[PDB]
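Protein chains: 2
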Amino acid sequence: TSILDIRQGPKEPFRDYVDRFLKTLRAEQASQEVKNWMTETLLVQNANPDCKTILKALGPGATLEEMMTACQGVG
Amino acid sequence: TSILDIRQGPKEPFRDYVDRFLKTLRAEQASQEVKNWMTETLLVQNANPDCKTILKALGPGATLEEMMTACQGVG
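Protein chains in written order, with the UniProt record's numbering: chain U, 280 to 354; chain P, 280 to 354.
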């Protein structure tokens, strides 16, 4: 019930993690601008090590769709 | 009025930035566990370039007091 608790499994597809992250985010008490910032930063911090390293290599400013494209088939 | 808007000035002492960050955080609508996570991650992201680089070199898990010690006299 906290967005801080949604972490990607070591063999979970990135998009099934994003599904659980966005459903939990909808329930989180925070401003819409803080939710949009979590979607960029917390989604990367809570990714599994293989996706995390790919996402750090895109850097900030990657959109959510760009992040998902970069992680297809990883794990 | 958003915590995302509190950024360190290029010549502002780190502790005067932390003062403005903690006063704004008190007013932010979010859970206490999300406030404690902002104090570790968002405080580093919104630091000025010279403090930011010192704080990244401490890594995660540095406490707020450790972060402040590492930034004394910078700028």
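It is worth saying that the hints were derived from the structure and are not from the lab.
Keep in mind that the hints are not guaranteed to be accurate.
In this list, chains with the same sequence are indistinguishable; a pair is considered to hold if it fits within one copy or across any two.
When the alpha-carbon atoms are kept at most 20 angstroms apart in a straight line, the in silico EDC-like pairs for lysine to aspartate or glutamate are as follows [as the list claims (entries may be wrong)]:
id: 1; residue 1: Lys302; residue 2: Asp329
id: 2; residue 1: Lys290; residue 2: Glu312
id: 3; residue 1: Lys302; residue 2: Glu312
id: 4; residue 1: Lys314; residue 2: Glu291
id: 5; residue 1: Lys335; residue 2: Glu307
id: 6; residue 1: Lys314; residue 2: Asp329
id: 7; residue 1: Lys331; residue 2: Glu319
id: 8; residue 1: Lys314; residue 2: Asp284
id: 9; residue 1: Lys290; residue 2: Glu307
Hints versus structure:
In this assembly of identical chains, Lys302 and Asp329 lie within 20 angstroms of each other by CA distance neither inside one copy nor across copies; the values are 23 angstroms within and 37 angstroms between. Proximity of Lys290 to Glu312 under the C-alpha cut-off of 20 angstroms is found in neither arrangement, the shortest distances being 31 angstroms within a copy and 27 angstroms between copies. Taking CA atoms no more than 20 angstroms apart as the test, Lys302 paired with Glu312 passes in both settings, with 17 angstroms inside one copy and 19 angstroms between copies. Taking identical chains as interchangeable, the C-alpha atoms of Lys314 and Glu291 are never at most 20 angstroms apart, the minima being 23 angstroms within one chain and 28 angstroms between chains.
Taking the closest pair of Cα atoms, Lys335 and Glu307 never come within 20 angstroms of each other, the shortest separation being 25 angstroms inside a single copy and 28 angstroms across copies. Taking the shortest Cα distances, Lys314 and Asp329 never come within 20 angstroms of each other, neither inside one copy (24 angstroms) nor across copies (28 angstroms). For the homomeric pair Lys331 and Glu319, the shortest alpha-carbon distances inside one copy (12 angstroms) and between copies (19 angstroms) are both at most 20 angstroms. Taking identical chains as interchangeable, the C-alpha atoms of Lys314 and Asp284 lie at most 20 angstroms apart whether they share a chain (15 angstroms) or sit on different chains (14 angstroms).
For the homomeric pair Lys290 and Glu307, neither the shortest alpha-carbon distance inside one copy (26 angstroms) nor that between copies (36 angstroms) is at most 20 angstroms.
Figure legend: structure checked against the earlier numbered hints; hints not met, in rising order: 1, 2, 4, 5, 6, 9.
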